[PDB]
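Please build the complex by placing chains B, C and D on the supplied structure of chain A, with the hints as guidance.
There are 4 protein chains.
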Amino acid sequence: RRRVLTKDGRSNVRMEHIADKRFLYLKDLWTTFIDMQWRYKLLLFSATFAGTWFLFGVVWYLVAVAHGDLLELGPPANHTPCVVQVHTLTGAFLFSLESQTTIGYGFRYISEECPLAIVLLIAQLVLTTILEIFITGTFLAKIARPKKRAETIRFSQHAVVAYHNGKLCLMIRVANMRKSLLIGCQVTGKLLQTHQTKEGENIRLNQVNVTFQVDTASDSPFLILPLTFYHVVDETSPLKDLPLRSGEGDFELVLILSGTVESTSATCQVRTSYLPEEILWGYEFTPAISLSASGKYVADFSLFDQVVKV
Amino acid sequence: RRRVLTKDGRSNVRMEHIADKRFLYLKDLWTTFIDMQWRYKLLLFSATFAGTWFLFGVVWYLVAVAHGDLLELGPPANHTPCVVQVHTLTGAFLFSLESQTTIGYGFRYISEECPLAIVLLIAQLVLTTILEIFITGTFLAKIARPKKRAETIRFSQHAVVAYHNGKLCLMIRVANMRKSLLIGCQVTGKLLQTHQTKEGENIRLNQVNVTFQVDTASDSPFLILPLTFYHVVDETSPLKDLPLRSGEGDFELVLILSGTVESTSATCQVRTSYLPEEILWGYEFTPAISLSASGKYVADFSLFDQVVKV
Amino acid sequence: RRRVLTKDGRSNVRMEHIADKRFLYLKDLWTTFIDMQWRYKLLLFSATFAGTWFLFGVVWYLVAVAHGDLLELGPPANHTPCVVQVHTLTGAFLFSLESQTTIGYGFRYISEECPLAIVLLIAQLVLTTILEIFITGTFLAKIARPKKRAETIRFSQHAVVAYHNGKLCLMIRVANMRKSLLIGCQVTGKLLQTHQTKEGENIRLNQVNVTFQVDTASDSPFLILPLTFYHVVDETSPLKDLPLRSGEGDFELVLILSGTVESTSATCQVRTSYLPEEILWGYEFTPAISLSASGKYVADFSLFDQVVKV
Amino acid sequence: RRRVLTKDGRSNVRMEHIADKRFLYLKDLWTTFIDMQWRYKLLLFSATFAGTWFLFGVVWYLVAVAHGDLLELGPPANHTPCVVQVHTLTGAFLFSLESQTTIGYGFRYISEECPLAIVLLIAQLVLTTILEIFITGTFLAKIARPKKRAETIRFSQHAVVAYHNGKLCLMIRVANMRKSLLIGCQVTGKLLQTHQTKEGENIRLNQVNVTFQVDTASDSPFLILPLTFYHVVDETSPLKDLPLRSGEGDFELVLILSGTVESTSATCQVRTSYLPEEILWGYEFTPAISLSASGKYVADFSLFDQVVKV
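Residue numbers (this note's numbering), protein chains in the order written: chain A, 4 to 313; chain B, 4 to 313; chain C, 4 to 313; chain D, 4 to 313.
Chain A extracted, bound-state conformation:
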């Protein structure tokens, strides 16, 4: 069906008819390259390097021409070229490359004759350094993004409603698949209904906070183990008036876990959604924790999504 967020936590919206998109993106190149697709990004990386090499090699060839350094034109035995062993396009490209990369073999080098060549070399080095820097930065930042970390954090496929501590409550379970920890883990539940004006020329979405609690409805400093979050269906519950029967209703329950990563001090936001159908009644999650002669606690993730009727 239609859903604002994918079960995977991804957006589902398409923005359109934006004016002045191109210029704006060109203003903030950093964010642009970061958000860009991987394929075009690698293309641009390789293109930067090789195309700079190629262009400046063409320029070196032209310079060799103007100075009459080519062999075809028969330079005198006392002709000093602007650049040594550069009498062909290939050689100019190789010089450009060997320079921009700081390899510096030595078979092709500069003479003290043509200053313009020196100035050109300088410009080449400076600009290429700048571009290389910028690209390397974008690449590191695009890898470091924490979105990809959200996958090793998993929400239960199904949320379940049942009596906890005598109170009818809605419950979910969350887990971390890695040894690396989260920090300041907090959960928030949003409710999104469908407000259709008599025919759907437009839609206004109503947000309603849904508080989920663990210990005191406060926070959970660390996500050590698969935890169960629960929200109370009381007189204040915006859910109270919903069709409590399974499958009935037109609403989305979005869930958001925000927490700081320990190894990078970066924030991470996992997201997901539950539909009126996906939610289940009178079911309690199977416990997925148990002791061991280890003296250590163990988490069996096959019991994570498992549930049992009440």
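You can't tell identical chains apart in this list, so a pair holds if it fits in one copy or across any two.
Below, computed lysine-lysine pairings styled on BS3-like, alpha-carbon distance capped at 25 Å: (1) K10 <-> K299; (2) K201 <-> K299; (3) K44 <-> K150; (4) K150 <-> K10; (5) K10 <-> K24; (6) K299 <-> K24; (7) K24 <-> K44.
The hints are simulated quantities; they were obtained by calculation from the structure and are not laboratory data.
Below, chains B, C and D alone, put in the same frame as chain A:
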């Protein structure tokens, strides 16, 4: 007219008569270079590189002189130079460059004769490495700045007053022009009046928080779509006593959206201002959302700033 | 005995029976390499470098072969090789190395004859640059991790119960072993009981927040000196009903200090645990602060863990 | 006199008699090098580079020896050295350098004869790369530290007590000397009294939060202009019972401004202290703001510290 903040969210204040500005800036070079203008920054980049090359080349020339390595002075056939193929200023500059860049062609190299030359080379490499590092850092940081990201986030040109849920309220709309998300999005409204002491030798600015709400006056975890923020004009509203008629009054309504970026974990603060004139009465924003056979929701930003009378 | 967290603040849990672990880890390589062990990490570093060198050297050797550049096969006096002075495996490896590192001696270099060689070189440089970048990033990030900073922050070995300001309270002491500061230091106490279903096929852990206070139960902006945190045993204390006698009970008191580092703006979370036995009754911590002719305050950490009966 | 914090916001405490300091510092090298003094840091930088060069050059010399490559020992005309043009200590050092820096002149290079030399070179490159990386990181991080940014933020030299809005309150003023902004600026006031046990073998410091407010006692999103913070001396004021007369009392009023930097998303904490003497009675700060034909507001910082009697 006069405004503390530009519609674009930029400051409008000029600090003056600061003592010990220069020395202070010299203490914190990092922040200085980061906040500096782009042109002077590129100038300094190029200058660092080329000028270090040039100075150390001059030094190499002087060394060649003191050792009598120049051709003009007729070194014996058994004269060993401190540096090879360095008998001119140009050659010394080229040596400096080829070294500092780690190119290393080979036509110009060092001999095992003059140690001072070796020590000098060492110093050159170390210092130039340090400077290059510092500049590269400043450059990366100056690009990564999130200010430039604020442009792809847009506030409605006009705020409007009208009855929402039966309550007279002030309303604005906000949107994100990119697919990249924000996080922990919160809004705050400040009111700034004009307190003139009988003649304007001085002015004292009174701040007054204005709370804007969406769902529960709490927060908005993610900025998926163009959202509408609204503040209630009740007995506690500092606006209550203002001249509610359009155009009347001497006050600024500053708006601030604070939120964390998803791809960089950095904070971003968008800002703007509304004047007593810019605010409009009895108008409601045109809905800019609508379904599609996509199964996806769509945002038509041409309807963003659009409004309709009530 | 069994404990969720080690006295050292480390986890004690083993997650098992995870499905699709390998592919997931391969998706997020950044986090993986960061969390990986040091030995395998250095192995991978060295392997990247040397193995890329080795493979591309093998390729260069094969190319030399196909072009008949080897000496063993007797190239004519007018035979131009794709690469110079490359007639052996060793030489090909050396060429690969000298290139990928941008050393560029010069005895072994490229000719303008074989383009395929040029294209191959290009590919080599690009890929190796990318890999080097990625590894360097992971290495920097794995060092910068703040976990290792938690060691220079120390919790008292023993917590003690006694009358403070006439109120029975539980008290602990915390200190920083360095001159570098913390920021936004806040403390939280969790209580973890043992809920065994009649036999231990499963266990459900109940979290209970325990608030610790210093001045107003608010926060402590800076961790200048060894501070004492204390929690009140009142009617609301979840501890109130515990066996207050030393050694009795089956519960863990976990302690968590969260604070921001000043020099890196990164977060840090120190953790520890106290068992019913480790806790002591009617004891007050020895003061570890005292003046000095310095005019400066001094902290004697030998008095840190020291206690005195009341 | 004695003060916990310097007027400049620096600590004044000396920690002593720490056990296992050295090993701990060696565990967390990152933080150590970051917090280290500049002089020793530059020493270590230069030492890393030059000393690695020197040691590996010594090794190359020894290798040349074992292989009998030295001239002094008269190698046959058909003797192939492990390394070319390396017959002296100086030459070995130069080879080490030219390699570790990726310069690669070419007059001194490797032969395909001695593999051990190749393996040694590999080790050298790898280790030196690692060390260079680590040092560069520490250096960048030590510069980027925001402490140094606190200097361009200034607190009023004197705090003053007087009637504001009819209420006796304590007031201070704060300013930013740069165009770069702060974010989430919040202020906290701590009160520190002197608890001497009958003779000063020990001292227990009592913290008491003092709330300072601007608009609603909430926060100040941005530090645009010199702002005045004030705290109310009411029945709840811990100051209420102090000797309100100037100069009387034994207490320190510490002030802490916490805020996020806009250009780096980093936190910054400015600190200062006021003594019972420094505080002044019945004085109000001179306004340091005034209009201009600019249409812009201006801040005259010479009026910052200025005050006027009431």
